[PDB]
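*Asks:* As a plain string of letters, each chain reads:
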Amino acid sequence: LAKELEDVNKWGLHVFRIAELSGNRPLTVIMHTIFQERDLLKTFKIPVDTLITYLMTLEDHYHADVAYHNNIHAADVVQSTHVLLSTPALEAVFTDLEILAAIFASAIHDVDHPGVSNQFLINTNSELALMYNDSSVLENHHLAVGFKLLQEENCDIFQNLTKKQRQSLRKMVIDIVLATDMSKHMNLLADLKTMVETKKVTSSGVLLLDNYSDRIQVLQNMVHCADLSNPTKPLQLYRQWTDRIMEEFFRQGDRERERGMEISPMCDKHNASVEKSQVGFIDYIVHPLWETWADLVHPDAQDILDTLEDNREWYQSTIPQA
Amino acid sequence: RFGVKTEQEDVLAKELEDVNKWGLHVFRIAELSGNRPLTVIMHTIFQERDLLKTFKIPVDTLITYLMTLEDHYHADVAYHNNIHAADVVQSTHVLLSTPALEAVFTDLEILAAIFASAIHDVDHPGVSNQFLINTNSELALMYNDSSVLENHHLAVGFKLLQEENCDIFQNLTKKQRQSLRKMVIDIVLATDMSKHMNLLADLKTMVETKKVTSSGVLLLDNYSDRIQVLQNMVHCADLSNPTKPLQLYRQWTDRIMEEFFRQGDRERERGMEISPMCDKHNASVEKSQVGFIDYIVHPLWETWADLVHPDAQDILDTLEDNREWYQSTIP
Ligand SMILES: COc1ccc(-c2ccn(CCC(=O)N3CCOCC3)n2)cc1OC1CCCC1
Ligand SMILES: COc1ccc(-c2ccn(CCC(=O)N3CCOCC3)n2)cc1OC1CCCC1
Ligand SMILES: [Mg+2]
Ligand SMILES: [Mg+2]
Ligand SMILES: [Mg+2]
Ligand SMILES: [Mg+2]
Ligand SMILES: [Mg+2]
Ligand SMILES: [Zn+2]
Ligand SMILES: [Zn+2]
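Line order of the protein sequences matches chains F and S. In terms of my numbering, the first sequence opens at residue 1 and continues consecutively. In terms of my numbering, the second sequence opens at residue 1 and continues consecutively.
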């Protein structure tokens, strides 16, 4: 396990092995490792036992019976964000508090996920959709639950931050997790594209982000990229993620069919095209986003983009075409 | 007769004759109805607009829902109570009938605006969003510091539909329920003052490019146009106190100050900074009302008056007279 954690600063860490080796505690192990690596416990005077207590409770609140949106996905997004934070184009740009916010946001961003979509929750008149007025239903809930867990016994990892730091961190984390709602994707992308075209860099080629709006925008898209990073990973990892999302989707589709509902796109196990669906996912969502991130940090993300394009060509390879 | 049983009734009927008028004496209605102004006024309006027949709402279902809704406005909150809800409902009802908007809205849009008005402050605790945020309340935790109370009012207002014999929308189609739900959410979220400046700016833009028939009736083109007018309409109703007959306005001022001072007392007790205009020891009630009109209420109503010109001219005139009252009573 210690050997596998040597790759914690590398894209494509084998998170599934981490999960197996840690007794299904990938989120706790990876968060702890990253907090030590970034010296965050010292910087913010976080008691190690408080950190571990919070992380284990947090991890407990990801559902074991949800195939994709579980603690392994959370650990993956945390670790991917951790790698992106260290991209050369962003060297010394973000404060320790901003870094803490991005990583914490990643860790909680899907907590207590039920394995069905916002639209399903809206369409089925769920209590969650009633609570949140059909608006970013799950993302609001992830935030509420993630913060609420800080209240459990010896779980307040932010106990030694100043009031101002707490308030700032809370705002940033909320802004980041709400940006993981796919209903915001096109607007986020449109604005990121415009940021890229007017971007400013130092002599060494480091990005200049002069206000909160530009800074939080980059953190939002960073964690969104991490959330949408599966197709950019080594193929053996990507195939496992594809298996899991389809299992989750098909279970939702089964519930829709039981309820006499129209079956959502890609949720029908009898009429599904896995390869077609991943190529569409890459072409219409993942590549447009990642090519824009790559533009922002050029050339830092070229290897990531190369893998994505290779994986796209792979998934397309068994689909007959004119 | 009037859906609550009162003593008297004939006197209540005389007051309800003004349900179509600005400056209905809603405090009188509240007293005459045994503190059921929201139930009585909503009942009257639904009957007047024939909404029970249109949407096949059983009258007993309507009264049951209204009574339940009214019960969830706090009796010990001086301003944000069932009288305020009744007032905003009745004010929206008048604004909907303004000549410039004749035949513009569907019955479902009318139902949405009235329903939104009725629930728009339900279960209000008598403290602000910012107070709830500053004190780390469960509500602010639930709603991530964003439109905290307004999200709550919606959730409660909708949830009460699920109580026994309370679903006034049971005979709407699936599509109608979905449309009404979206409109009601859009309207109540627009009552968040954090959205006021943007909302007014966009209303100004709409006024600059407004289209009218030769009889000065507004032409709205799409959902965006219609919901924008409905959002500003209910926001105007929410902010209509200073445009009312002075005796009504004077009572609303007394009540909001009572509520604000109570929040300031909670702040002082916890050693927090006391919020603007919430410090009973250092208040200028009259000066604050003039400020309120100059910076919030007049800019809004002047723009609404433009939109429906000349429908709201008298409302505007009353506002200016009332500003002068509070000006004239600054110590
Ligand atoms: C490996 O496969 C995927 C991995 C991740 C996603 C995916 C889509 C959107 N996100 C972002 C988070 C989100 O908001 N979601 C989660 C999915 O459901 C909708 C709300 N993530 C999709 C994947 O593929 C789907 C299965 C058929 C092709 C599409
Ligand atoms: C008659 O007096 C008032 C009547 C209504 C308001 C008022 C302000 C904003 N709204 C819109 C609803 C809202 O969002 N609120 C409610 C008040 O607290 C802020 C969140 N309503 C203010 C009044 O005066 C205050 C006392 C000092 C001057 C201001
Ligand atoms: Mg999510
Ligand atoms: Mg492309
Ligand atoms: Mg190289
Ligand atoms: Mg309100
Ligand atoms: Mg138009
Ligand atoms: Zn996710
Ligand atoms: Zn109100």
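Simulated from the structure, these hints should not be mistaken for lab results. Please note that the accuracy of each hint is not assured.
[Stated by the list, open to error] Subject to a maximum C-alpha distance of 16 Å in a straight line, what follows is the list of computed EDC-like cross-link-like pairs (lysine to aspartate or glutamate):
| id | chain 1 | residue 1 | chain 2 | residue 2 |
| --- | --- | --- | --- | --- |
| 1 | S | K182 | F | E98 |
| 2 | F | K184 | F | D210 |
| 3 | S | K175 | S | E109 |
| 4 | F | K163 | S | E273 |
| 5 | S | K159 | F | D134 |
| 6 | S | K287 | S | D265 |
| 7 | F | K171 | S | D145 |
| 8 | F | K10 | F | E37 |
| 9 | S | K280 | S | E267 |
| 10 | S | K174 | F | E262 |
| 11 | F | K164 | F | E262 |
| 12 | S | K287 | S | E320 |
| 13 | F | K148 | S | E138 |
| 14 | S | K159 | S | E109 |
| 15 | S | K21 | S | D311 |
| 16 | F | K269 | F | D283 |
| 17 | S | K280 | S | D294 |
| 18 | S | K159 | F | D175 |
| 19 | F | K148 | S | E109 |
| 20 | S | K175 | S | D145 |
| 21 | F | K10 | F | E20 |
[Said to hold, decoys possible] Now the in silico label distances, taken between C-beta atoms and shown as ranges:
| id | chain 1 | residue 1 | chain 2 | residue 2 | range |
| --- | --- | --- | --- | --- | --- |
| 22 | F | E153 | S | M272 | 44 to 54 Å |
| 23 | S | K159 | F | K164 | 48 to 58 Å |
| 24 | F | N271 | S | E163 | 48 to 58 Å |
| 25 | S | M272 | F | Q151 | 46 to 56 Å |
| 26 | F | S213 | S | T106 | 47 to 57 Å |
Note that beta-carbon positions come from the ideal geometry of N, C-alpha and C, so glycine has one too.
*Asks:* Does each hint hold? Answer for all of them.
*Replies:* The hints, checked one at a time:
1. S:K182 with F:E98: violated (35 Å)
2. F:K184 with F:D210: Outside the cut-off at roughly 24 Å; violated.
3. S:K175 with S:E109: Since the Cα atoms of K175 (chain S) and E109 (chain S) sit roughly 13 Å apart, the hinted pair holds (cutoff 16 Å).
4. F:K163 with S:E273: Within the cut-off at roughly 14 Å; holds.
5. S:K159 with F:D134: The hint holds at about 13 Å.
6. S:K287 with S:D265: violated (21 Å)
7. F:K171 with S:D145: Roughly 9 Å separates the two Cα atoms, so the pair holds.
8. F:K10 with F:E37: holds (13 Å)
9. S:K280 with S:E267: Holds. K280 (chain S) to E267 (chain S) sits at ~12 Å (cutoff 16 Å).
10. S:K174 with F:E262: holds (14 Å)
11. F:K164 with F:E262: violated (48 Å)
12. S:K287 with S:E320: It holds: about 15 Å lies between the C-alpha atoms, which stays within 16 Å.
13. F:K148 with S:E138: Measuring from Cα to Cα gives roughly 9 Å; hence the hint holds.
14. S:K159 with S:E109: violated (20 Å)
15. S:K21 with S:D311: At roughly 13 Å apart (the allowed maximum being 16 Å), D311 (chain S) and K21 (chain S) satisfy the hint.
16. F:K269 with F:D283: violated (22 Å)
17. S:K280 with S:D294: violated (22 Å)
18. S:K159 with F:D175: violated (28 Å)
19. F:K148 with S:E109: violated (38 Å)
20. S:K175 with S:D145: At roughly 31 Å apart (the allowed maximum being 16 Å), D145 (chain S) and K175 (chain S) break the hint.
21. F:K10 with F:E20: violated (19 Å)
22. F:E153 with S:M272: 44 to 54 Å: For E153 (chain F) and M272 (chain S) the Cβ distance comes to about 27 Å; the hint is violated.
23. S:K159 with F:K164: 48 to 58 Å: At 36 Å between Cβs, range violated.
24. F:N271 with S:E163: 48 to 58 Å: With a Cβ separation near 41 Å, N271 (chain F) and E163 (chain S) fall outside 48 to 58 Å, so the hint is violated.
25. S:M272 with F:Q151: 46 to 56 Å: violated (21 Å)
26. F:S213 with S:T106: 47 to 57 Å: 39 Å Cβ-Cβ, so the 47 to 57 Å window is violated.
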